[PDB]
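A.B. asks: Spelled out, the chains give:
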Amino acid sequence: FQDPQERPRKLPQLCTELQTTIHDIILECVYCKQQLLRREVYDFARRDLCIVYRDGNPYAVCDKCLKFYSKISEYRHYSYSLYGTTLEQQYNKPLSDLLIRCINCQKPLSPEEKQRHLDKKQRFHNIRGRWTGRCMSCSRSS
Amino acid sequence: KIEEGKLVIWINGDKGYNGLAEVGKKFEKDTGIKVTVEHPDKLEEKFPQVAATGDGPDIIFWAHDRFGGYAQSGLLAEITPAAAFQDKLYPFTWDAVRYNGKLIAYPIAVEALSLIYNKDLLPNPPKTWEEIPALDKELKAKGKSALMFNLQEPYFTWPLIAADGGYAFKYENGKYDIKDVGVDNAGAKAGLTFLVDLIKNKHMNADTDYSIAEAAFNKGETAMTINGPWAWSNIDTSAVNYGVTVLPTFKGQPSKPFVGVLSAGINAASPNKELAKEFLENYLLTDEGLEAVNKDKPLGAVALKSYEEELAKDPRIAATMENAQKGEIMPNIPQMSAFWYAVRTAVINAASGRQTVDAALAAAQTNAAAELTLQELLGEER
Ligand SMILES: OC[C@H]1O[C@H](O[C@H]2[C@H](O)[C@@H](O)[C@@H](O[C@H]3[C@H](O)[C@@H](O)[C@@H](O[C@H]4[C@H](O)[C@@H](O)[C@@H](O[C@H]5[C@H](O)[C@@H](O)[C@@H](O[C@H]6[C@H](O)[C@@H](O)[C@@H](O)O[C@@H]6CO)O[C@@H]5CO)O[C@@H]4CO)O[C@@H]3CO)O[C@@H]2CO)[C@H](O)[C@@H](O)[C@@H]1O
Ligand SMILES: [Zn+2]
Ligand SMILES: [Zn+2]
Numbered sequence: 002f003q004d005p006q007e008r009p010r011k012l013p014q015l016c017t018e019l020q021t022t023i024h025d026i027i028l029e030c031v032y033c034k035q036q037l038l039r040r041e042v043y044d045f046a047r048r049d050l051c052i053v054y055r056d057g058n059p060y061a062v063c064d065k066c067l068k069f070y071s072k073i074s075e076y077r078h079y080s081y082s083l084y085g086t087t088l089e090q091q092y093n094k095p096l097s098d099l100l101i102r103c104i105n106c107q108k109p110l111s112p113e114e115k116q117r118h119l120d121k122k123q124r125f126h127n128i129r130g131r132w133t134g135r136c137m138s139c140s141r142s143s
Numbered sequence: 002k003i004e005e006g007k008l009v010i011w012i013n014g015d016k017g018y019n020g021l022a023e024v025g026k027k028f029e030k031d032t033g034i035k036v037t038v039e040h041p042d043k044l045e046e047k048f049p050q051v052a053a054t055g056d057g058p059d060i061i062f063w064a065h066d067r068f069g070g071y072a073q074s075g076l077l078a079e080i081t082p083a084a085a086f087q088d089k090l091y092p093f094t095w096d097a098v099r100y101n102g103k104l105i106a107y108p109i110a111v112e113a114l115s116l117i118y119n120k121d122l123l124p125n126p127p128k129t130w131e132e133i134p135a136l137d138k139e140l141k142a143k144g145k146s147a148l149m150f151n152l153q154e155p156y157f158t159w160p161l162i163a164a165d166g167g168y169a170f171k172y173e174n175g176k177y178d179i180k181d182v183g184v185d186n187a188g189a190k191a192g193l194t195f196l197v198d199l200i201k202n203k204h205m206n207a208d209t210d211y212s213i214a215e216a217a218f219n220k221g222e223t224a225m226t227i228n229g230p231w232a233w234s235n236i237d238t239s240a241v242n243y244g245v246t247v248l249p250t251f252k253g254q255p256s257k258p259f260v261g262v263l264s265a266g267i268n269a270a271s272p273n274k275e276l277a278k279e280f281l282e283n284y285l286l287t288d289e290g291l292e293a294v295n296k297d298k299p300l301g302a303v304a305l306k307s308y309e310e311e312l313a314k315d316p317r318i319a320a321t322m323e324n325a326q327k328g329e330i331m332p333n334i335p336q337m338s339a340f341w342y343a344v345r346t347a348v349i350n351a352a353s354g355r356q357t358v359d360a361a362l363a364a365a366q367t368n369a370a371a372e373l374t375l376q377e378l379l380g381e382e383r
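Chains as they are written, first to last, in the deposited numbering: chain C, 2 to 143; chain A, 2 to 383.
Quick caveat, the hints were computed from the structure, so don't treat them as lab data.
Every residue, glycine too, gets a C-beta built ideally from N, C-alpha and C.
Treat each hint with caution, since some may be false.
Computed footprint of chain A on chain C, listed as stretches where at least three residues anywhere in the stretch have a Cβ under 8 Å from a Cβ of chain A [claimed, not checked]:
| id | segment |
| --- | --- |
| 1 | 37 to 44 |
| 2 | 68 to 74 |
Each pair of labels, with its calculated beta carbon distance range [claimed, not checked]:
| id | chain 1 | residue 1 | chain 2 | residue 2 | range |
| --- | --- | --- | --- | --- | --- |
| 3 | C | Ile27 | A | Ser74 | 31 to 41 Å |
| 4 | A | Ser74 | C | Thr87 | 43 to 53 Å |
| 5 | C | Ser140 | A | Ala84 | 55 to 65 Å |
Here are the simulated DSSO-like cross-link-like pairs (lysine-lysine), alpha carbons at most 30 Å apart as the crow flies [to be verified]:
| id | chain 1 | residue 1 | chain 2 | residue 2 |
| --- | --- | --- | --- | --- |
| 6 | A | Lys47 | C | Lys122 |
| 7 | A | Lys180 | C | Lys34 |
| 8 | A | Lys306 | A | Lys26 |
| 9 | C | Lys65 | A | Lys180 |
This is chain C alone, in the form it adopts within the complex:
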């Protein structure tokens, strides 16, 4: 996997290339190098994350390492916050048309999660150009 203009970018294309399924693929975390649990493989795909190549090998990320680094990033690279309505007015699009990832797990927020923010009067955070919120699972426990 030499050039990035060829090698599979996301998990579904990687499965296709190896001629395997998401139920069978063996992946390791880019950080800790521990093999991902089957549930973590599914979460990597749900989070719409990119496969990261190191020394010509594909790597994913485990749940614990992703949350660890996502927290350090928010801490250091937080820019500013807006209420959902102000964000909609800024880009002249409903929240459903914007890419808002969970600040903790990176999962792109569902329309229901974006609506919870509006109802609960919870702000969205800008992390150096990236808009973030909080998913249902991370709203329970991060």
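The hints should help you fit chain A with the ligands onto chain C, whose structure is shown.
C.D. replies: Structure of chain A with the ligands alone, referenced to chain C:
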């Protein structure tokens, strides 16, 4: 929405509350176009926030390192100077404002940290870092200290850390290699060990920041400080008989400070891009324009060849240039934010004595690389 037929400029207040405004007044007299100079708080942070919505100033003045990140976010207009205009400014200043093969700002002035010394306490400043502990023992007996400078910002501690071999990102084949960080190496370890030993031997204090160092030097309590041209004006007011010189050597090698280029970027959302190029090229970047700004607050070593030659006779500007030539241009790549925070933490952790220098630097290279890996996991989509 930015207002058409007018120019709004953002510059830091310590670059002059009169100088640039005066150039703006000459532009208004000639064109009829109103020029408004503003000094917002945290303008380098306010700019990427407002400009992302198609708002903000027409022109932004800041150090070049932040410009790569603004250009990556599509916030800056590509600048189009003709060959004859490009010729009036030094090539390395144009290199500092080049992002992904395009010019993204106009270079104004070149800055680097220098060794600032009190001529009354210290007529001959030390040429080496290694002689500073012996100098401190002599001065402590007189109720003074040898050196006091900001230890909080990695920009200030870098001259010494980089001296024997440290670097931010490797530059080869006209490109920065984001995987080649030079924090965890023998050079950076030697420099930081010397810095931390100064703190351990009580020649410096880990809590020393900008304000503490400035007050100490300007009150004649410390024989030396490390600062840039933005600090000279307060030293002038203090009436301290000061000298600005070459930074001390470490292990026989010169201190490698970062080199900053004050730059003027045109907002990509501005409807006044032609007015902006006109003002920057034909009003500001002239001997007359830079003199109006410089007489208010010194810029350092100007990018404009003609005026730099005229100012070079100031020994403080000659020291700024000598240090900049021995220095390292700050990379303008957005990946620099990963570097800055990792190094900042390393210095704090090592200086506290809660971790060894080597372990702190190893953690800094791991941490900077980890932030960049996270960005790669997320992708460029926003
Ligand atoms: O409240 C908690 C916390 O806050 C304080 O510091 C934090 C700070 O407010 C925050 O903005 C951030 O800073 C980051 C930064 O965003 C990064 O971009 C990076 O900064 C580097 C910078 O981009 C470089 O250009 C370079 O800056 C140089 C300049 O190039 C020089 O011109 C010179 O600036 C002078 C300037 O010209 C004048 O106009 C005048 O205004 O004063 C300036 C001098 O003070 O010097 C600076 C260097 O200081 O180098 C920068 C790197 O050092 O990296 C920053 C992080 O280190 O993060 C801070 C921490 O979270 C506060 O200080 C803390 O004690 C506190 O913990
Ligand atoms: Zn892991
Ligand atoms: Zn989440």
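A.B. asks: A separate judgement is required for each hint: does it hold in the structure or not?
C.D. replies: Quick rundown of the hints versus the structure:
1. 37 to 44: That given contact is violated, which follows from only 0 residues of the segment 37 to 44 of chain C lying within Cβ reach (below 8 Å) of chain A.
2. 68 to 74: holds (count 4)
3. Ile27/C to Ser74/A: 31 to 41 Å: 37 Å, holds
4. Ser74/A to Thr87/C: 43 to 53 Å: 20 Å, violated
5. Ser140/C to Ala84/A: 55 to 65 Å: 58 Å, holds
6. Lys47/A to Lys122/C: 24 Å, holds
7. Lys180/A to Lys34/C: 18 Å, holds
8. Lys306/A to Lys26/A: 24 Å, holds
9. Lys65/C to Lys180/A: 24 Å, holds
Checked against the numbered hints given earlier, the structure breaks hints 1, 4 and satisfies all the rest.
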